[PDB]
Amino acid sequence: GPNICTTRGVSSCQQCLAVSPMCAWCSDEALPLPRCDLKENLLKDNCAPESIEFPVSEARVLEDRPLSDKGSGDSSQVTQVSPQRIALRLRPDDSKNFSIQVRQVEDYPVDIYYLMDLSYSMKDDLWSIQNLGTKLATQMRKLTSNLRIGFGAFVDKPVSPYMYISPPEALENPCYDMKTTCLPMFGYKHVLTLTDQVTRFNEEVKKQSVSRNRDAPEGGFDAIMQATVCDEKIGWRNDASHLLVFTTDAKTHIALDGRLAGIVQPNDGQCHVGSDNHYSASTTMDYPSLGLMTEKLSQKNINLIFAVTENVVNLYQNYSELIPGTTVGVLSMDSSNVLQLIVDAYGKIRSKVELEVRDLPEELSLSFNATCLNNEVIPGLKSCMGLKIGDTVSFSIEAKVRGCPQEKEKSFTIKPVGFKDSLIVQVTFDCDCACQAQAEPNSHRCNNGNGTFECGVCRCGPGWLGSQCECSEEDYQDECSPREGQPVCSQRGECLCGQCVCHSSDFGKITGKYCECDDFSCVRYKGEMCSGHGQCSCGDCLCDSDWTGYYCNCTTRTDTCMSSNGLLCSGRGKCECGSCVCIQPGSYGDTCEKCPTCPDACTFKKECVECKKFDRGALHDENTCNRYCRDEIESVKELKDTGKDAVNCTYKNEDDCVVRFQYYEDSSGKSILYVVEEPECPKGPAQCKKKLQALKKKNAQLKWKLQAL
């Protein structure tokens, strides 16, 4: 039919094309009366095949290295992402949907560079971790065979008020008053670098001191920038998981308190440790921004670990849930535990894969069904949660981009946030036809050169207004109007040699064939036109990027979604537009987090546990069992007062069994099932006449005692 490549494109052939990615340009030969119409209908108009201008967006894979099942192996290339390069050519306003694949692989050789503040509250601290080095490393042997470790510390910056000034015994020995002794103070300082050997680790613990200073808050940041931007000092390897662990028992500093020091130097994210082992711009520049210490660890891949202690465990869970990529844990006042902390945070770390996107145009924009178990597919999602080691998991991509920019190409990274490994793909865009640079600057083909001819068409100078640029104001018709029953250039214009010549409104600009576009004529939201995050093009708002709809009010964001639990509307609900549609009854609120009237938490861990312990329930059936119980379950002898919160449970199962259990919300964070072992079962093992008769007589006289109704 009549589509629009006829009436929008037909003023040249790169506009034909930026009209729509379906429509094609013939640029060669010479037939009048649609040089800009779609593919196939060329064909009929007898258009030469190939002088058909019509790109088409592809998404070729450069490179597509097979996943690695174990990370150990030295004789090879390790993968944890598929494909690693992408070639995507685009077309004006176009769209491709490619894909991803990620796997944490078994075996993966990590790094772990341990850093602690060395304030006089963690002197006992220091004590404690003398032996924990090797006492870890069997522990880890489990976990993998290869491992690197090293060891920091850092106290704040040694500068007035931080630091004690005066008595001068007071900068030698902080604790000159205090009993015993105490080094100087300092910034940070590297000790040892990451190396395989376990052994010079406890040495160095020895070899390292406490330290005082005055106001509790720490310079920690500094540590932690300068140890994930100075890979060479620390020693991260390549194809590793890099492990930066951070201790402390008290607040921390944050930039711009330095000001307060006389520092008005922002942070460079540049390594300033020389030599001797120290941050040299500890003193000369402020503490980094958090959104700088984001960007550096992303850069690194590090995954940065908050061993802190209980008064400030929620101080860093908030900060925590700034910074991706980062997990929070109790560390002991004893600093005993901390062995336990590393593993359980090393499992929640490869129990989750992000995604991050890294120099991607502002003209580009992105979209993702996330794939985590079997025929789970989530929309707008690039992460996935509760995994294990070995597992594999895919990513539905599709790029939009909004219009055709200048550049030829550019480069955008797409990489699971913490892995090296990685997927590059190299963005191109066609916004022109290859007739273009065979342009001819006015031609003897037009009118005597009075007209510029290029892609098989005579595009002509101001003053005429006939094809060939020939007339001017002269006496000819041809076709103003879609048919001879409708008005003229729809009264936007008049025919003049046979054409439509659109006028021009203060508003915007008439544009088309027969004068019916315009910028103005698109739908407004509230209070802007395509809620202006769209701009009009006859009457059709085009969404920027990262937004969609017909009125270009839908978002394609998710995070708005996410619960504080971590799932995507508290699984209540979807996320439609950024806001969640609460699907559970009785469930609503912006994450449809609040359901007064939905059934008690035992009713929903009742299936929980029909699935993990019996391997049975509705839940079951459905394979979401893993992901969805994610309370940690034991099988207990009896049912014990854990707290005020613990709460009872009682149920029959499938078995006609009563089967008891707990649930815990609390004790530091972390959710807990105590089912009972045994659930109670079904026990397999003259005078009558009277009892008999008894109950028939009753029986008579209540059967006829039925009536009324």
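Positions refer to the first chain, counted from 1. C-alpha atoms forming the largest set that superposes within 1.5 Å between two forms make up the rigid core. First, how it differs from the form deposited in another entry.
Comparing C-alpha positions between the two forms after a rigid core fit, one residue in 193, 309, 121, 467 moves 2 angstroms or more. It is 467. Core-superposed comparison between the two forms: the C-alpha position of residue 164 differs by less than 2 Å. Core-aligned CA deviation for residue 318 between the two forms: less than 2 Å. Superposition on the rigid core between the two forms places the CA atom of residue 64 less than 2 Å from its counterpart.
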Contents of the next structure:
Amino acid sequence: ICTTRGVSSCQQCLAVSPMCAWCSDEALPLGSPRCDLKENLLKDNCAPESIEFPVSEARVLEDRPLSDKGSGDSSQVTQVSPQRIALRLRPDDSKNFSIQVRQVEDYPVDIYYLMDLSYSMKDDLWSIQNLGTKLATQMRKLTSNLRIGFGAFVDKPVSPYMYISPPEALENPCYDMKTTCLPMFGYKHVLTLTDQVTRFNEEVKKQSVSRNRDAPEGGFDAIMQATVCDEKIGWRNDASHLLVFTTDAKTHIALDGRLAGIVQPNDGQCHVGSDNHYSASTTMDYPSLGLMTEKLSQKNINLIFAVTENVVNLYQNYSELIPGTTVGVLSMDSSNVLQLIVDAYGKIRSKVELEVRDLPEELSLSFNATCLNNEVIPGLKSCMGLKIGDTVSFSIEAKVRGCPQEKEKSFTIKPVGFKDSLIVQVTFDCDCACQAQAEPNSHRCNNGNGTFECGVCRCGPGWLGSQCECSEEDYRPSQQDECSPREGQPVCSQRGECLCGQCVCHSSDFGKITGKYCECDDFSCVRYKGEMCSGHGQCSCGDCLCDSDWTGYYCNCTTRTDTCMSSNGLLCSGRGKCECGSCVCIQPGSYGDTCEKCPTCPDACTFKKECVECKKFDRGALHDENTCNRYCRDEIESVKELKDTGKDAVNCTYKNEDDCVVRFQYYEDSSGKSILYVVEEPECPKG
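Go ahead and give the structure of the form deposited in another entry, now that the form deposited in one PDB entry is out.
Shown below: the chain alone.
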């Protein structure tokens, strides 16, 4: 190909394949110097710097090195590299590039404490009177530049949420219960982010709880305003952002405001004025999960759900819909936030997932992720279970379907929550540079509209080729050949009825026919469930051009891996491959949508001793592969006597390569982590 079936004119000779090429002549060898491949066009003639064979590039325009510490005047912490690549693609071509992301050791951290202040939070507001400076000492071990702030919320200050009567209850909603609580508020911002941790403890204990009627409280109103008011709250664009949501009750979701007569949809805009109160609280509905997801991602905000046990399962299933948000069990008196914040920051800094913004739909992106030492995981744009200081790499591929004249759009690739990003400037070249020649349409090829293209002349009604017009019978066939590229059978694709030395493809209906021999067409592709290219790809001459995120001959194989993801995080539970968004279990006896079910598999004892041997004896498999403390995230502590405490525990025994009997225990905690108690002094043969 490129030698037939594609030589019509440039600006279309390139759209056949990234292999073809065009030419001027300075002469005109008739011969067969068609739209042929280079090194075949570079076999005959026409190479005085006239090839018109553009190659696709991935030139980087800026790649600063990855920093080691996120502190100080060696500015531009640069957690991502490179930072800007120029991408230049020809039609139906693709180029690949890489990107590295690092969890820098000492990255500034600001924590905004967003607290529910309904009456059940009275005990909580007390036990956090000094948990600001207590938090300073703890976070200081992970970041030298720490900021904190405070914000509070109750609910929409309107009926049926607010205590509206008697009139003496607007100043004391705790009126009918013989006590005092200050009037309720929508969302209150008290302290903007500051590095003075005592300034935090001062603002607390200046606060007091309020009272509400209905159980659900409007905190999504506060979560939204704390995210998009980055000016008012003072998020450092160079800092890891933590928003701590502390509540002990259900939440109001979007469209709940209809009962209060609030039907204006939430806009993701800031409405906290100089009075530090959410002014639009009574006039605007609650935000939807989709809007919160959009704005949390745009502002690089990590949402931490610090909720009580009675409602922890609820916010868990909420976090599954707001990816990147972690939930934490909170004690009834908020005596647990300090440890809960640290445990949350560790979870956040443990993952890295790439997101794509402003991607032109004309091209698609593939991802092969390298999270471990050197083992690459195809089809993944995220790495799990990392510790600060690690660095992971992703290889990316961008391929265009045809190519428009969009005027070189650009898009962004970056991880969630990070300020640093890779900006990719796309640029399409879909035509030779010779079609600007200023020889408009003229002499040598039938003054009757003629033309002069890059070296041919696509005449008007009858384009003889270098001459013109066997338009109606003028012929008495004088070039009746070359119209069947075997010349022993009907002379056309059997559609077109060759005349003029240019088979005029007839039967222009039910699609469109093209090709020099009319070999090509639409609607000649394959079907999967009855739809052409499964309704997921263009049909280009019997071949499907799959849309973005579709592969395979039938364009029925997804590139998605989310339906391959399990409740543990690993796709197919490490027991099978993920082909076309579905698992293909490899371990014998395993099955299920994520290969999670395997009742005939070995017990946990066989899987956890692999960790006891490499973490406590520095040997055995899982240490030769240097995967020991990436898979063995369990907490191990050599102890004695296995003191029979816990019912969700299993005691395991085995004989190591030293002929000694090792004994340990495995214990999990209700959505908490797991611990292995290894008995010191195993039983060895006597002297």
